[PDB]
Each structure stands twice: as C-alpha cells, then as structure tokens.
Amino acid sequence: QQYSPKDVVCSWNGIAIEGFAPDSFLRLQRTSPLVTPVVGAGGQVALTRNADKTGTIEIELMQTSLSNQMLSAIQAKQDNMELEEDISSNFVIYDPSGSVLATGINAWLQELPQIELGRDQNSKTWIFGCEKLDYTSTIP
Amino acid sequence: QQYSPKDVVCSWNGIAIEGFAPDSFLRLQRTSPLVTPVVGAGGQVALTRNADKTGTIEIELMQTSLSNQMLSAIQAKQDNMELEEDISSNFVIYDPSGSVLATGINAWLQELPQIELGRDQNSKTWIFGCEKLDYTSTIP
Amino acid sequence: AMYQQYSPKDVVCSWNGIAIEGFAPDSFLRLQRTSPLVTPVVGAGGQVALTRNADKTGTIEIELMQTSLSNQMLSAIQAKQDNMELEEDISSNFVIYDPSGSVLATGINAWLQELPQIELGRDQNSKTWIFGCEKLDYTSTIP
Amino acid sequence: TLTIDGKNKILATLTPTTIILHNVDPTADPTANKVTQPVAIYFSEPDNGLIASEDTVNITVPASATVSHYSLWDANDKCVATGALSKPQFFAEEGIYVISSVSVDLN
Amino acid sequence: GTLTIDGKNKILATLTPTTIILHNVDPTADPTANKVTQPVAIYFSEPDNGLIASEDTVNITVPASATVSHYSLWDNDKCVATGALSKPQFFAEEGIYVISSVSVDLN
Amino acid sequence: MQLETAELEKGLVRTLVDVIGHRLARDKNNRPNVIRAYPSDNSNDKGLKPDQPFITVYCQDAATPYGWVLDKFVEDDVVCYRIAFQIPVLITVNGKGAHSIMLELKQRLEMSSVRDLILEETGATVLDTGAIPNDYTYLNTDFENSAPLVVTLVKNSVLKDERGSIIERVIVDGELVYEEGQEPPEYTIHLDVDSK
Amino acid sequence: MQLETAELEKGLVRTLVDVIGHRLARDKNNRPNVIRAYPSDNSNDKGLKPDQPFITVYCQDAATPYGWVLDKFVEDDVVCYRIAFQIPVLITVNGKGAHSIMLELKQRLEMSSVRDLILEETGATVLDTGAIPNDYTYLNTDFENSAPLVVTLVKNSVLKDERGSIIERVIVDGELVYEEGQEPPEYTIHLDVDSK
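Chains as they are written, first to last, in PDB author numbering: chain O, 5 to 144; chain O', 5 to 144; chain P, 2 to 144; chain K, 3 to 109; chain L, 2 to 76, 78 to 109; chain F, 1 to 196; chain F', 1 to 196. A prime marks a further copy of an entry chain.
If you're looking for bench data, these hints aren't it; they were derived computationally from the structure.
Please note that a few of the clues may not be correct.
[Claimed, not checked] From the derived model, a few chain O residues whose C-beta atoms are all more than 12 Å from chain F:
(1) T35
(2) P37
(3) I78
(4) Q114
(5) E120
(6) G133
[Said to hold, decoys possible] Computed from the model, here is a short list of chain O' residues facing chain O with C-beta under 7 Å:
(7) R31
(8) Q33
(9) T40
(10) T60
(11) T68
(12) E120
(13) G122
(14) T129
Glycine included, C-beta positions come from ideal geometry on N, C-alpha and C.
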C-alpha cells in the first residue's frame, strides 16, 4: 500500500485522538545516538553503545478538537493521585503503509500546549515522553 | 561520461538501497581537517598532520521505501548480540561518472531516522559512521 | 583495526550476595589503589635505590540513582552488621562482571566503609557509597 | 537420445487446447500483455515426433491493436509453448487474423 | 517456437523407463537385436527444470567372454532411448558394469 | 498492478454510482448519470449531454514527486520495478443545487468507509481533497450552476523488465605480493561459486 | 564526440521504435510512426500527418549551467576543449489513449536497460523526466487527446583548436644582487631547456 494522511491512528490511555493539524501533526525522535565513536591520537577507533533509548513524541491538534478536552481532563486527574499509582501507558501508532513503525513502551504526558489566539484557528502541541521508543520492522 | 542521479548505487551489509529522496539524498564529510597550522608570535609556521580520518555518511530515503524495513530489521538483530561479534561492514558507493570516489572502510549504523507525518510523504535520514573515509582517484 | 566496544548496559556488580543496580547517569564506578608500587629514594650524589611498598589495599566507589531500589538493600545490610559481634565476619568479595574487559580489578575481602550523603532539590542527586578492600587485584587475559 | 516411439509416447500427452496472442514477447511472462480472447485449437496424434493442427483457426483482433507473438495453453490453464509471428501486424480496424497451421517438433 | 519449462516438466512425467539392457551393436536398428545382458531395473526421479536423473546406482552382470559397446532403455516394453557406451569393453570373464547415474534432458 | 488512468476513471465512475447515486438524475436504463469527460466512440461519434443533475470525471495528469524509482527486486527470474505515482482527478456536478451535492460528496469521501470501496475498485488511496467553488456560466438563455472538485490519488505501479538477467555463478582470481608490482606473485587464489 | 541536436533527435527516434514501437500505428513500410517535428525536405516540401497513434520528437534548446569550460587538454599536438551541455527534449503522443502510452514510456525510460541503449545510440545520459499532462485540443469536429513529456539529457562535447600551439623550449635569464637596483649584477645565470 501507499502512504495517505487519512489512515494514521494514535491511541493512548485507551482513548483515540483525531482532529490532527493539516501538516506536520506528528514527530518522533530518539534522545541519544545509537553509537558514540571515540578516536585516539593515533587514529584508532573504539565504539560506545549507549544504553539510552528514551524518546519524544509531538502531536499537533486543532484548537477546537474534542481530544483537547480529554487530555486536559486526564492531566487534571493525575494531579490528585499518590505516587504509588502509575501514570504511564503504551502509546500505539498504526499506519497501513508502514511509514511509521514505532511505539512508545511507557509513555507519560510531559508538557502542556502553548495557546495562541490570532486571526484564524491555531494548533496545540502536546509532548509525551517514553521509556523506550521502539523501532519495529515488518520483515523478519 | 557525465553525471546522472539514476546511476548511483549504494550497498552496505550485502543489501542494496534504493528509493532515494528527490534531492540531497547523499552526503559525505570528514570529521577533522587534514592539517592544523600553528603560528608563533614571530610569524613562523609549523604544521600538524592529524591522525583522525573518520567520517559521516548521510543517506535519505522515501518514507515508504522498502529499504527502511531492511535497515530497521538489521538494527534490531544487532541489539541481541554479544560484544564479541562485530557489526561493521564496508559501505561501497558506485558512480560511473566518477563524481563520488569514496568508500567507508568499517561503517556502522549510528543514528535512527527522525519521523514526520505532515501532509505529503516525507523523508527519513539514516546516519552511518566509518573508521576511515577513503578518497580514491581514477588517475595513477 | 579497532578495539572492542564499551557497553554500560552489560555491567553487573555484586557484593554480600546482592546485586547492585541502578547506576547514575555518569561516572558510576571508580577504583584506586592507596599507595604507589615504588617509592624511589635519591641520595645527594645522584645514586638511586627503590622501595617496594607492601600496601595493596584500595577503595571502590559506586554511585547510584536517587530512587534506586538497591539503596534500600544496602541500608538493611548495614543495619544488620551494626548488631553483629566482633568475631563474626563482615567482609565479602566484591565482584565486577564486564564482557568488554575495560575493568581489570576485583576486590578481595571488601567491606562497607561510608554511607551516602543525602541531598534533595528540584533535580535528582546521586548517592555515593564507598567500600574498602584488603587487596585490589589487577588481572587480565594472558597477552 | 530418444527414439521415435518414445517421442510419440511423449507428444500424445501435451494436449494443447487454446491459443492466445500477445504484442510483447511472452517468453519471460505469458500472463501479461494479452490482446485477444482465448480461442480453440485442435491437433492430430503424433507421428515422427511431430503434431500438426487439424484445421484453420480464425482469431478476431480488436481495433487499433497489434499482434507479434502467440502462446498455447492446456486444458488446465498452463502455458506450454511460445513463438513469434511472421510479421508484426497492426490492425487499423477490427479484422480476422488467420492461423493456417502450427506444429510442435521434437526432432 | 519452443516449449516452456512448464511444458517440459509436464512432458517428462510420462516417460517412465524401468529397465536397461546392453548391446554389442548400436540398437538404433531393431532395438531387440544384439542383446548381450539381462534387463536390470532402474528408477528415475521427478522432472525438475526439464531434466530427470537416476535415483541410485545400477549393477549389470556382463556374461563371461561378452562385449558391450552400446545400451538402450526400455519401459510396456517399447525402447524409449538408445546410446553408445563411453568405451567398448571386452569382458574376458564375468564381471560387473556400473552405471553411476544417467539423466534424460529436453534442453 | 499497472497504473492506467483509463481504469482509475472507470473505477471512480463505478464507485460514485453507489456513493452519491441517490441525488442524481437517471437515464432510460434507470442508471444514475455519471460519465467520463469528452465522451466519444468509434473514433468520431460524440455523446450527448445527459439530463441534469449529472457528474463528469476527468483525469488531469500524473506525476512522480516521490523520487524516480521506489523498489527494484526479482519476482521470478524476471526483474521488476516499482514506481510511485500521483494522479489529480476533477469531478464536476452540473445542474441546480450542484454545491449542495458536492458538499455531501465531500463529506462521504472522508469516511472510513467509501475509502475502502475506492481502494477495492481502483486500488488507490485518497490523499487530498481541495475546496469547492460555486460557478455560474451563462451558456444561452439561462445560467448553469456548477461545482468542480479535485481529488488526488496515489498508486504504485509495477513493470517487468524482460531484458534482464540474474547472476548465478561467480569466478574470482587473486594474488598476494610483498611489494607493489611484484611481477611473479607470491600466491594465487582461484575460486568458483555456483548457486546450487 | 561533438554535440549536435540533429543527431540526438535521430538517435532518440531510432531508440523509440524498439522501446515503444509495439503500441503505435505502422505505415506502408511496416515501420512504427515516429517522426521529427516540423517535417520538411528540399527546403520547401512539407510532410503529412501520419496515422494515429504516433510520436513527435522536438529539441527545445541547449544550455551550459555547469560553468563555461570543463576541461582543457592536449590530445595530439592539437589543443582541445571539453564543454558540458544540457538538452531538454519534448516527446508527444497523438491519438486515443495517449496518456496510457506515455505512462508506459515513462516506466521504461527509468529501467536499467533502455538507458544503456540511449547512451549506445546518442551517447547521452538521461537526467530528469517531468510530469505528463492530459491535454485536449478541439481541432475541427472532434477533440484530439495528446500527452507531452519532457526528457532532459546531458552530453559532453569536444572541439579542436587548430590555432593553438605548445611550448617545447624555454630560455631563462637571472641575476643576483646584494642591494636592490645594483646596476652591475653580482652574478648572472643563463639556462636553456629543450623538450628532447
């Protein structure tokens, strides 16, 4: 199949998210590189395999999208809970064309969206963190 | 012969890579300069010949290119191997016009691609390191 | 040629039968002998003689995360050892496992020496534990 | 080296039944580039390691199409023979391409 | 004009020779003339790439003082193949002639 | 699958009959009036304008903004190529209330369903859908209300290179020398590797 | 090799007969209908429009975006120059199903083969290939479907400078002085160097 922006589905905490912005409505990025090379004075090279595997997930929605209320309500609930209870949940993204093969193992809400009230309807950016940003493959 | 973007072939780990982005789909660069001059207070000059010869190779592919699955699968395999086994492999680039005469001696995958899901299909950037970025010549 | 790669993920430390986990973000382990191997002495005339120090003790410092669960086990073990009689043994070998071969030494008859300084703030502060050892052996694969 | 009797024992089981026409060479892939619907064809029993068609076959070609090769298919939709026509023929309008005869050799 | 690989694979499955006989003269004439040895069973495998190969080795008893210069394959007796041995051999006494493996091809 | 606009137009026409056929006029055979643009037959015959309201489907062009070649692989001994294409299509409604019909057609192409039927018939995915103007053209006597719309599609096409071939045997030769250009080599290594 | 569009057009015409000749109409000599644009002969004769479908090849222009001179060298005693050129070409299909034929022509120019045949005939490399529109022009009576396409090529041309010459002997003079402008020089060095 081939990529189309109308098939992407994002799910977190059991709810579904819609009302994406017209463009650049999703971004993924690891925190650290896979390998950090070290070069000595004599030109020899040794490799360090970083144990860091966290990542960030940025999702943009329209200002009047109903998903904004759900996320605000979820965030408000977590402010009145003891530290014993958990707040992490898998962030799952589905795309039939296989353009985005990744998922956040333990994803937690990190930053609230910035608000601007210019002439026309603007966007809201939600940022989530994750313990392990997995990059899967469709080939054995 | 003369340069044409349809003749460039890249091979790493035994597989072939296709589906390049429309423009700026390959980049090469050394890490350090060949020579670092030093100038004293009296105007005398002495030269230091750096032993560093590593480099970086950046390759861009389409979001739905099949080569993305192969690289993700290769990366996943290397995460479940002991340190005794090796992960480096020569990165060979062929171009009939002789515009790019270089090859990575021991090239290792370094960084995973950033993912963006804007309106239209985007690109994915893979970064490889190398122990020695050789610049060859077609003239004795 | 390039040397073997270093991977912090595959490093495991053990002492007194428990496993110490939850290394801090950076500089999570240090090893150091107390005295130097040789102490040269030079006379007024330039002649030289060598002293060979017999002291071979050492110190192993390990730094863990603020909320690491291994902080509780060490506290419990230390609390146990305060009530033991002087004729009971409190020392045990300190073992470091590292497939990359970057760490060469091991602790013989190691003991807990100092408790970690506790500090709090907006961020998280690592906790430093210090151990001694009767002999900090240096070992390597035969060349 | 096969004898005549073995050759005749062999050819009797080929049983080609239909013929299709292509414009691209179907040797590498006979499933593609079809230009006309399958038509029936009949053959006689082998002799001297050879079988020949029993009558002419009239094939109707659509307008503005071209034919350059052919192919034979079994009673169970498998391609068993391919070949090229005498000329590449372009049909300005619908017409009939006449197959005079066709044979398969083992000699 | 050529048979496809599928046609060859379908075709070869019908040739099922099961015995082999030796001759001191070329059996290209009447195949039952100049027979020198008794028939010996031989098996063949499935056709792949239009070629079949013998499953196992076959031992043939050459009668004492006989000569062998040719051979022929037989089925239900019809001789399906003929050929000449690599070298005419004079068995001054009883012995064994070994056929390591033999294959039939359509290419 | 090969890319042919002649088939994409037919698939879209067949899909629209079910998707939006209830708002259109119907011909003598009871079929809703959906047709391809510039109707003609037998190389000179020209179709007549149907009864309003009706729909017209016209493929504008095809481009390859996504590189030049997507995949090169071997499926059977024949070599294969895959190429990504983009096809903007133009759909217009002619009659009275053309805007009111184009709005509902827009609101249905965005459903989870309908987009599956389009892929079932044409084997292509809807990528974008532009705005709808509200046009009036005088013709003669009375104006005609019209409402065009642009729907872009994406499809992958595969072709067979009958001239290609594969390598199944490799022959390699080598030498060893203490010094560059040692005319009699110290050692020679000859190797041969078959696929089987 | 010299760059001449008259030869590039002929090479492209000869290549297309084999590449896409199976989809086109054929003339009285059985040759597929591929021709150069604005046909004419004997300075006033004008060619007739072939039977559809057919192809037309027309070279637009030539530019030198890659500097002005690529190489200057000596091959034999005659001096030589090398210059890099770029040549956009326009190929159009006229008839019914022109888009369906242009699509397949596009999908074949991108193969590893075909691009070798083009270089064998014209000695040029394909650099780019633009989009394909779907045009309709009324003519008289009936519309005609057409599908243009632009294929850019790259070629290097070499010319001989018959006015050039080479230096094979050098005569040098020099002086040494303790102070600037010492009218009688301390020493004088005279040198002469021949090629032989």
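Outcome of the hint check:
no.: 1; hint: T35; result: holds, 30 Å
no.: 2; hint: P37; result: holds, 27 Å
no.: 3; hint: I78; result: holds, 25 Å
no.: 4; hint: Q114; result: holds, 31 Å
no.: 5; hint: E120; result: holds, 25 Å
no.: 6; hint: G133; result: holds, 31 Å
no.: 7; hint: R31; result: violated, 17 Å
no.: 8; hint: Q33; result: violated, 14 Å
no.: 9; hint: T40; result: violated, 13 Å
no.: 10; hint: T60; result: violated, 10 Å
no.: 11; hint: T68; result: holds, 5 Å
no.: 12; hint: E120; result: holds, 5 Å
no.: 13; hint: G122; result: holds, 4 Å
no.: 14; hint: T129; result: violated, 11 Å
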